[PDB]
Amino acid sequence: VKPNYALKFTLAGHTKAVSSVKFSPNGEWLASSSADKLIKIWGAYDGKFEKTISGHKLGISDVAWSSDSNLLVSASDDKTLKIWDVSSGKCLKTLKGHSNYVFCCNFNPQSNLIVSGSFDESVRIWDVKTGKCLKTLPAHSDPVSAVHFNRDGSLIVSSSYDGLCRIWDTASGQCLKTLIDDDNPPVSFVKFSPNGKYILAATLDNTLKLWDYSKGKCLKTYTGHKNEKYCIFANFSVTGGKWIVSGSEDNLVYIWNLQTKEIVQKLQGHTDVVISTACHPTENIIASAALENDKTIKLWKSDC
Amino acid sequence: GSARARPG
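Chains as they are written, first to last, in our numbering: chain A, 1 to 304; chain B, 1 to 8.
If you are wondering where the hints come from, they were derived from the structure by calculation, not from laboratory data. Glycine included, each C-beta is placed from N, C-alpha and C at the ideal position. It cannot be assumed that every hint is accurate.
[Stated by the list, open to error] What follows is a list of derived Cβ distance ranges for each label pair:
#1 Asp68(A) to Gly8(B): 28 to 38 Å
#2 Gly8(B) to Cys175(A): 30 to 40 Å
#3 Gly8(B) to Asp250(A): 13 to 23 Å
#4 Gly8(B) to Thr271(A): 28 to 38 Å
#5 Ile180(A) to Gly8(B): 19 to 29 Å
#6 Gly8(B) to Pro138(A): 33 to 43 Å
#7 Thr178(A) to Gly8(B): 20 to 30 Å
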């Protein structure tokens with residue numbers, strides 16, 4: 001069977017490239033970050049603009065939700081992360097210590113920690129309550145494109161333009177595993193699978209790969225899209241059929257069958273690089289967002 | 001802008 005994602009809403013309002021969209025864990029909201037220095041909150045089901053959250057002095061590259069859906073963290077070119085109370089819109093904490101653009105960020109499931117990756121080639125682990133940087137990992141030798149906690153928070157996966165994917169022990173900060181492949185093309189994105197056993201890694205040779213990271217074996221590859229220049233988010237879609245979902249530099253959203261690797265759908269409508277996609281936690285809904293020549297978020301809905 | 005929205 002194949003999905004039939006259809007366009008439901010186009011969300012306009014950002015005045016520069018959108019950089020990242022994330023659904024709240026409770027399914028109610030979509031958060032978007034933008035080069036226009038703003039976070040915007042939208043209704044996940046009717047597409048209705050809810051609010052604007054502001055305070056970064058430069059554009060934002062990533063945003064992430066706490067498990068209880070009450071907080072956001074954003075990563076900015078202004079070298080800071082900010083922790084935000086969604087209901088009030090207030091900045092609760094400004095996390096300082098990176099020496100270049102902060103690129104990627106995430107909460108752990110407990111949501112007592114934040115992990116960040118930066119152009120300064122480090123991964124930092126931050127205390128949410130106090131805002132203090134707990135650890136600075138000399139993780140990579142080029143900008144860090146993605147950081148993600150596994151399901152119990154005990155592991156972090158990081159990716160970098162240096163061509164490496166690394167698995168880190170959260171508590172000890174030591175590197176547990178380094179994944180290298182072929183001629184080590186830049187790794188533009190990585191994240192754990194929902195069950196925590198796999199990682200999905202994007203490389204700028206137009207390729208996504210599913211890895212058993214402990215065994216160091218590439219189980220799947222997903223190709224056919226265009227990804228040579230940008231750090232594009234990819235996703236496991238698990239609310240219906242088991243798909244892989246990714247944006248693309250040919251302005252399309254691609255959806256693959258996870259097991260067969262075949263493309264099962266291509267979503268048309270954006271007019272610039274689809275830098276970010278996200279999958280709704282309970283419904284067969286995709287959010288997609290695109291760069292400067294587009295500036296919109298689209299919501300798509302499928303029967304499976 | 002933002003680093004993610006720039007090529008590299």
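Task: Whether the CB-CB distance between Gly8(B) and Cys175(A) falls inside 30 to 40 Å - done: violated, 24 Å
- [ ] Could you say whether the range 19 to 29 Å given as a hint is met by the Cβ separation of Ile180(A) and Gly8(B)?
- [x] holds, 20 Å
TODO: Could you see if the CB distance from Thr178(A) to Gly8(B) stays within 20 to 30 Å?
DONE: Hint holds: Cβ distance 22 Å, inside 20 to 30 Å.
Task: Status of the given 33 to 43 Å range, CB of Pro138(A) versus CB of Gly8(B) - done: violated, 21 Å
Open item on the list: Range first: 28 to 38 Å. Now tell me if the beta carbons of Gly8(B) and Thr271(A) are that far apart.
Closed with: violated, 21 Å
Task: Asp68(A) versus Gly8(B) beta-carbon gap, inside 28 to 38 Å or not - done: Distance hint for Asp68(A), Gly8(B) holds at roughly 35 Å.
- [ ] Take a look at whether the Cβ-Cβ distance between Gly8(B) and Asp250(A) falls inside 13 to 23 Å.
- [x] holds, 18 Å
Consistency note: the structure conflicts with the earlier hints numbered 2, 4 and 6.
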